[PDB]
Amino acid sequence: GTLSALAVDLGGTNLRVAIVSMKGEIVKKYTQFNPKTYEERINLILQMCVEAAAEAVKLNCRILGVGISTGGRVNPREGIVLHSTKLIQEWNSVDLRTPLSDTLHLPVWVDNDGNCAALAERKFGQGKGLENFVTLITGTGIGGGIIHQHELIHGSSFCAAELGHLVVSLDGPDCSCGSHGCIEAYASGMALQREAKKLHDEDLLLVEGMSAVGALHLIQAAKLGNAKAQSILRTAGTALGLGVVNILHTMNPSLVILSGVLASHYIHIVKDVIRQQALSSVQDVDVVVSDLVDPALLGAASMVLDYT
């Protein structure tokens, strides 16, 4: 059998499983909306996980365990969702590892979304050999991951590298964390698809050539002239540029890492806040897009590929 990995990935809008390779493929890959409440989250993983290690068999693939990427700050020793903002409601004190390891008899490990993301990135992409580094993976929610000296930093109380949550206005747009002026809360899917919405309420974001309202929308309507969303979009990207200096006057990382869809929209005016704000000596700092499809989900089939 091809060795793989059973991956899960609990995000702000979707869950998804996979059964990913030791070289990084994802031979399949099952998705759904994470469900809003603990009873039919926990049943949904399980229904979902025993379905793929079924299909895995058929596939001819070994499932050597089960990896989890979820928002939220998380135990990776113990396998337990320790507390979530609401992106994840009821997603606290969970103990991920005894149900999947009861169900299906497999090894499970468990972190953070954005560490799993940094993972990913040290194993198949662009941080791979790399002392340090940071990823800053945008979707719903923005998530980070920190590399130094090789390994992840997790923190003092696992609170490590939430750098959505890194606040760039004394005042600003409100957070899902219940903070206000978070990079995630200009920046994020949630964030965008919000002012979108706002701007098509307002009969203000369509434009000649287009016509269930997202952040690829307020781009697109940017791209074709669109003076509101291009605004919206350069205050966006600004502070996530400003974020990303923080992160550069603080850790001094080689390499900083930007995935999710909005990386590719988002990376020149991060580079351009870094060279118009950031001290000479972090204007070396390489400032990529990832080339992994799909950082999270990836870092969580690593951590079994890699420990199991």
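Positions refer to the first chain, counted from 1. What changes on going to the form deposited in another entry:
- Annotated hinge between these two forms: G125, selected from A229, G125, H265, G189 as the site between the two rigid parts.
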Contents of the next structure:
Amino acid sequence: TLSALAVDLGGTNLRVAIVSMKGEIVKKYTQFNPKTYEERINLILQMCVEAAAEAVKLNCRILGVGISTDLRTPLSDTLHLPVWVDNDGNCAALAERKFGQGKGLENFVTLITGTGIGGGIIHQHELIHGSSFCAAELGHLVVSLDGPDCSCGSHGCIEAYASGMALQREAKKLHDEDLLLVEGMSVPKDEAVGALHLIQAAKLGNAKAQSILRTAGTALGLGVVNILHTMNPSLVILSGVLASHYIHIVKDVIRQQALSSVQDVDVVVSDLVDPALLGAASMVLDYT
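Okay, that was the form deposited in one PDB entry. Show me the form deposited in another entry next.
Only a single chain is listed, so you will not see partners or other molecules.
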């Protein structure tokens, strides 16, 4: 069974999976993601060697290793396999291009809407990497002369407005002022307010919450509009835990403010589970 190993060096955890050619995630390991790199590489090797060994047991011909994020040298040497590496935003795009709603499409965008915001740009069937390799930094599209502060150091970034972290900051500010919870809401002692709480408050009648969310969706929307006026893609795939939430307002912002010339674009929510791993996998699968 033709396959590849996919590695996801993401938030908190480090995941490695055996992925089939048809996109099935055969087996999936998750572990702590060491902060320091010397150690992160070691863990990857081990998890790969185990995954690889298992693939031999599980009747799987592994073609190579793909990594979403000096990683190539040590892995190829040890595992006797080719290694491909690209960033999470690009891998998200590649997941859609191979297994998702990007199949076929010549020119499309994948915007990751979760803890943070990022994305990938397919054009002429291929990723746009950029001269400095850092193309498609979609979280730091600036839609304000004087916005909220952003973790990149600037302000106005659509990540500063519409990220999961962004919303959590807003959710905490209101809860600290006793302006978040409404008509019954109760937060656990352990758990701590986040975007769902902000949304639930809005959906349960919280005007302050609704306002905050309106701005976050508008900013993101204008982010997408900027993409449309730059790339004129045929499709935009919102992906991640906040995609479902943001799709309605993004379309509205597109109907409201985008040029007539680019309104035939379609915006969708991704169906893909574990896109990072699928994307990592898709590099190996595609080449070999």
